Amino acid sequence: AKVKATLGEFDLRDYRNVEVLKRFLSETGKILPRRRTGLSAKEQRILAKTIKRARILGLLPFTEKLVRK
Amino acid sequence: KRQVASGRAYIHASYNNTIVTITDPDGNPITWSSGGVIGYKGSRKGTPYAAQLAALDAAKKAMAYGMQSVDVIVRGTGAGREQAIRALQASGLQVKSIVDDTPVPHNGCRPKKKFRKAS
Amino acid sequence: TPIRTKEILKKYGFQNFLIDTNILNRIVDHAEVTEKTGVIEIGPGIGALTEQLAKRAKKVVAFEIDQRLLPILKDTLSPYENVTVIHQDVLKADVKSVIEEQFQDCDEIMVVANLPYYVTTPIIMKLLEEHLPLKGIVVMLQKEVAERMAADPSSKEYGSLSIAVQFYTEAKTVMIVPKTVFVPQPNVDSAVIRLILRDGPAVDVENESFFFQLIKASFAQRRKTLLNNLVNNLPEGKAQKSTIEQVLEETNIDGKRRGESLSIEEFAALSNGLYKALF
Amino acid sequence: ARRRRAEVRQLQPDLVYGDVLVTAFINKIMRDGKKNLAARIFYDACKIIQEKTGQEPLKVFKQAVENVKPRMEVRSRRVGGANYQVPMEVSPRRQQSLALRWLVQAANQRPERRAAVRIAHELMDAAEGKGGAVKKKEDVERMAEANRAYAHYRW
RNA sequence: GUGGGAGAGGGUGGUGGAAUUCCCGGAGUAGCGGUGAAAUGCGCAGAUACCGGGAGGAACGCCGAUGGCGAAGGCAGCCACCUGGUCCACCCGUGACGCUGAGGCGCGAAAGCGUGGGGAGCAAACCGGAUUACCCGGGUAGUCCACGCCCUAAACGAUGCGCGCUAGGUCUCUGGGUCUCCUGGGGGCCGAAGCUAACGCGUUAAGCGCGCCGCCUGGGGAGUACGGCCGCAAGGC
RNA sequence: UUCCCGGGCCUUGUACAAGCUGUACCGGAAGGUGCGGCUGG
Numbered sequence: 020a021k022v023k024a025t026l027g028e029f030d031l032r033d034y035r036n037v038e039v040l041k042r043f044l045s046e047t048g049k050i051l052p053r054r055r056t057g058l059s060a061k062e063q064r065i066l067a068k069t070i071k072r073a074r075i076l077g078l079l080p081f082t083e084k085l086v087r088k
Numbered sequence: 011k012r013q014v015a016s017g018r019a020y021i022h023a024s025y026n027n028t029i030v031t032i033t034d035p036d037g038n039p040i041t042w043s044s045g046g047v048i049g050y051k052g053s054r055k056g057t058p059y060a061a062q063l064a065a066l067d068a069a070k071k072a073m074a075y076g077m078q079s080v081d082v083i084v085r086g087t088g089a090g091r092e093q094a095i096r097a098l099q100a101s102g103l104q105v106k107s108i109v110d111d112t113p114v115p116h117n118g119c120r121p122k123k124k125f126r127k128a129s
Numbered sequence: 007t008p009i010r011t012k013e014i015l016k017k018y019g020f028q029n030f031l032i033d034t035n036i037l038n039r040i041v042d043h044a045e046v047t048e049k050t051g052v053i054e055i056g057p058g059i060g061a062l063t064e065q066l067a068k069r070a071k072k073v074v075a076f077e078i079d080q081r082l083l084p085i086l087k088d089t090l091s092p093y094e095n096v097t098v099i100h101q102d103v104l105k106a107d108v109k110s111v112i113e114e115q116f117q118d119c120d121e122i123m124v125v126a127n128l129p130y131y132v133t134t135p136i137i138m139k140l141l142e143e144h145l146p147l148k149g150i151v152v153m154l155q156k157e158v159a160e161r162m163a164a165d166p167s168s169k170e171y172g173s174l175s176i177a178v179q180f181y182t183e184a185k186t187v188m189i190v191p192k193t194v195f196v197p198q199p200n201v202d203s204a205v206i207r208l209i210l211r212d213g214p215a216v217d218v219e220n221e222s223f224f225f226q227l228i229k230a231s232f233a234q235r236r237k238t239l240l241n242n243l244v245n246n247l248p249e250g251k252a253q254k255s256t257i258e259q260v261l262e263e264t265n266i267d268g269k270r271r272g273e274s275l276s277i278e279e280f281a282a283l284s285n286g287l288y289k290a291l292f
Numbered sequence: 002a003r004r005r006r007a008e009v010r011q012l013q014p015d016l017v018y019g020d021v022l023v024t025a026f027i028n029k030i031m032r033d034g035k036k037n038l039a040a041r042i043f044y045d046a047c048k049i050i051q052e053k054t055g056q057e058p059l060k061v062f063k064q065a066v067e068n069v070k071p072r073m074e075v076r077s078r079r080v081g082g083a084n085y086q087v088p089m090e091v092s093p094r095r096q097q098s099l100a101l102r103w104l105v106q107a108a109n110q111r112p113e114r115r116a117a118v119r120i121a122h123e124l125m126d127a128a129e130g131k132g133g134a135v136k137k138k139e140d141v142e143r144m145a146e147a148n149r150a151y152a153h154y155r156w
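Residue numbers (the deposited numbering), protein chains in the order written: chain R, 20 to 88; chain K, 11 to 129; chain U, 7 to 20, 28 to 292; chain G, 2 to 156.
Rather than coming from a laboratory, the hints here were simulated on the basis of the structure.
Note that CB positions come from ideal geometry on N, CA and C, so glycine has one too.
Please note that the accuracy of each hint is not assured.
Said to hold, decoys possible - Below, a list of computed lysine-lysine pairs in the BS3-like style, where the Cα atoms sit at most 25 Å apart:
1. U:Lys229 - U:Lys251
2. G:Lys36 - G:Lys136
3. R:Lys84 - R:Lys61
4. R:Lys49 - R:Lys61
5. K:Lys71 - R:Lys88
6. K:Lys106 - R:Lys84
7. G:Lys136 - G:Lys29
8. G:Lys70 - G:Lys60
9. K:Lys70 - R:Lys88
10. U:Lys156 - U:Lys139
11. G:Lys48 - G:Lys35
12. R:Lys88 - K:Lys124
Unchecked claim - Label pairs and their in silico Cβ distance ranges:
13. R:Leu85 - G:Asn84: 36 to 42 Å
14. G:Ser92 - R:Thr25: 51 to 57 Å
15. G:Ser92 - R:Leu85: 56 to 62 Å
16. U:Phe20 - G:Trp156: 36 to 42 Å
17. G:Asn84 - U:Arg211: 54 to 60 Å
18. G:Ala2 - R:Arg54: 47 to 53 Å
19. U:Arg81 - G:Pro112: 44 to 50 Å
20. G:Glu90 - K:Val109: 32 to 38 Å
21. R:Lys88 - K:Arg120: 29 to 35 Å
22. G:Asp45 - U:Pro84: 42 to 48 Å
Could you put the whole structure together from the sequences, leaning on the hints where they help?
Written as structure tokens, this is what we have:
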């Protein structure tokens, strides 16, 4: 599916709303492409900026470990 | 001796070698083995079979120190990754978690000439 | 011989060749070999040069390092009698003995060679190093290198080879070989140069070691102030900076001069200057 | 063979015993198109075996053959300008072929004067689990499993 | 002029994490590294693999794109300040105030130079190992910063700038509206008429026209010679 | 059918009576390497 579809209404510029932002990160703490998030470019740009900001604030992980083979 | 009975395993998988290091929860290594320790030299060290024997040998030693179960962490993307995981899985230790921990730069130091040309 | 080359290669089941005739005579014309002068050839190959050389040579010594090419030297040089093959590497040999032995009856020798360039320069350097009593050398040696051998003291050619040879011998470009004469086009031009030895060194023999050391030091960072070159490359020299500044004054060489723009005379003066003053 | 699968020739079953393995063995013995000589040699060896051993020669021969069947072979393979002895599993066809050829070679290498004697001795020894044939089989197997490092060249 | 919009446009400060190297502490022992296969090298003064702390330099993974911005060169972590260009809507103000431009003046990748710092990784020259180059292990300049030079290129869309006219279809970035659609500005593919020696171009023209600038006149010799200007020099015009 | 030899087909660079380039070096230059750029592969 898509991350946007698997979500209600929310703000993209909210750099503290961790519960929604975590939905846009893969198993590893990496930003998902538009292929997965299902956003327009402007939306993707704003989301990536916010993600980086939250990363700095320590709320979101820069990197992590995938628990598989 | 240590009789920790529960530790973890670090599998450094390279293109040239595979090294398995068994360790306590605290991270202090207890025993280790590689492709070279078995007796292989040169390119033979890189083979998946070498990785299998390395994993089995390290596991046997760790059992001799009285372990029962580990938590395997794999680093690198060499040719002995899956073979080492499989070997350690059925060696008798009760592996609980398999974790990928490949350390990659965030576009840091400039790589060697052979590894450059990357877009 | 272009027509005969194919025949000879095919007749044995068989690499750059001077197939053409006129110029092989011209190179020895410049080489000036007679019944009075013998020849040491190190790159005889198939013997293309050797035939026309021995047509007017006093004595012919040839060095072949590979015995795969050996079986064909005799039968291709059947009529000629002057030929004597020493299946020895010239670098690993002792040319002094061979000079004393084969050409004892003969009068003079002038080396004429045609060998791959990756082997050329070390051989010439060795033949110069050991002070052999031979008249001269004639080699075609990748023109871009020959210019560096001659190398008037500027224009991107005056390096360190230039100083060595001009300290040992005289050099001047003799002939340009037009491309494509070789059956495989070598994508590069070659030049026949001649070296003529001299009686003793060009300049002071005060310290060969220190002279060459200074030569190497001044040309490490070619694009650089000579003073910077010396303070960098010359051993320590950081704490001896003031000494260098001192010595450069009385030698009448300016600090900011880009050592690539020096003469052998100036280099000799500086070699004498720094030695016995630096330590 | 680039196109087909090269179907195996069906050998006529033996007349004395009525099995194909004996026919194959006789063929493996026969040289210069002398088949009568090979048959006589084989039957003389069978008589010797029967005379000096409790059970029928046919069982001895069959189980000796089964005893000299290798499973792992090394094949020469070119990878990166290097020659590697890759381990492979051998099909029953190749198994039987190698078994019979090795048995014959080992029999012919014995110091006994008469061909029948040599054949009988080799068959009896391979039945027991020793001799030239079994030894060569074991060496072939041990040449594999000693270079399992290259097995990933599936080949 | 008013209202709004997008952006790795530029400069100055300041901090975030990943990774490599090195130092210290712990635990543990015989290889590690590298190749097509090996060697040089490192290691019993304890190397590799592991955990914890510290030092420093350089570059910013995912998003990231056939994307965006700039006159070109070129420009990617994030925050703030200062600042340039540009698009759209309203159609409010001036009333031809315009286009181009020999000289001049400024900017100008990389590689180089001078005066001082800095130096983790990589790495010309150089030093060794295998096998002619290639490949492997080390390694100075250099790569980084400040100031001052240098002024070159496959500096390219090999296409000077401005304006007007000449079928469309499709993808995409970004504004506006009366939002199935319509109307602006960028970036790409396929194609009417037409053009071209051909390849191909084709509303982002290499079509049809007007204005201004630059440049060409057979190849080699030759971007060489001499002269002049500039540069510390290499060299540039 | 991986390799040896030969023949044919599809796609691709030179001659038929992967390179290139600015700059900087090169005492194993038939040319090589370092830092960038281009496709005229």
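To see whether the hints hold, each was checked on the structure:
For the hint linking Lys229 (chain U) to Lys251 (chain U), the alpha-carbon distance of about 17 Å falls within 25 Å, and the restraint holds. About 29 Å separates the Cα atoms of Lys36 (chain G) and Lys136 (chain G), which puts this hinted pair outside 25 Å; it is violated. The straight-line distance between the Cα atoms of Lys84 (chain R) and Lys61 (chain R) is roughly 30 Å, outside the 25 Å bound, and the hint therefore fails. A distance of roughly 19 Å separates the Cα atoms of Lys49 (chain R) and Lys61 (chain R); the hinted pair therefore holds under the 25 Å criterion.
A hinted pair counts as satisfied when its Cα atoms are at most 25 Å apart, and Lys71 (chain K) with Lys88 (chain R) qualifies at roughly 24 Å. For the suggested pair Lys106 (chain K) and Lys84 (chain R), the alpha carbons sit about 15 Å apart, so the restraint of at most 25 Å is met. Under the criterion of a C-alpha separation no larger than 25 Å, the hint pairing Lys136 (chain G) with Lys29 (chain G) is consistent with the structure, at around 20 Å. At roughly 16 Å between alpha-carbon atoms, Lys70 (chain G) and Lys60 (chain G) fall within 25 Å of each other, so this suggested pair holds.
With a CA separation close to 22 Å, the supplied pair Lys70 (chain K) and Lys88 (chain R) stays within the 25 Å bound. At most 25 Å may separate the alpha-carbon atoms for a hinted pair to count; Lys156 (chain U) and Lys139 (chain U) meet this at roughly 20 Å. In summary, the hint linking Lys48 (chain G) to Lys35 (chain G) is supported, as the alpha carbons are separated by about 21 Å, within the 25 Å threshold. Between the alpha carbons of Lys88 (chain R) and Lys124 (chain K) the distance comes to roughly 29 Å, so the proposed pair goes past 25 Å and is violated.
At roughly 40 Å, the beta carbons of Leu85 (chain R) and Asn84 (chain G) sit within the given window of 36 to 42 Å. In this structure, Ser92 (chain G) and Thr25 (chain R) meet the distance hint of 51 to 57 Å, their C-beta atoms being roughly 54 Å apart. Checked against the hint of 56 to 62 Å, the C-beta distance between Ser92 (chain G) and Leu85 (chain R) comes to roughly 43 Å, which is inconsistent with it. In this structure, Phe20 (chain U) and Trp156 (chain G) meet the distance hint of 36 to 42 Å, their C-beta atoms being roughly 37 Å apart.
In this structure the hint that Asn84 (chain G) and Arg211 (chain U) lie 54 to 60 Å apart at CB holds, the actual value being about 58 Å. Take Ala2 (chain G) and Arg54 (chain R): their Cβ atoms lie about 48 Å apart, and the range 47 to 53 Å holds. Range check, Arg81 (chain U) to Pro112 (chain G): about 48 Å between beta-carbon atoms, so the 44 to 50 Å window is met. In this structure the supplied range 32 to 38 Å holds for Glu90 (chain G) paired with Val109 (chain K), their Cβ-Cβ distance being about 36 Å.
In this structure the supplied range 29 to 35 Å holds for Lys88 (chain R) paired with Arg120 (chain K), their Cβ-Cβ distance being about 32 Å. For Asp45 (chain G) paired with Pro84 (chain U), a C-beta distance near 59 Å fails the hint of 42 to 48 Å.
Of the numbered hints stated above, those contradicted by the structure are hints 2, 3, 12, 15 and 22, listed in ascending order.
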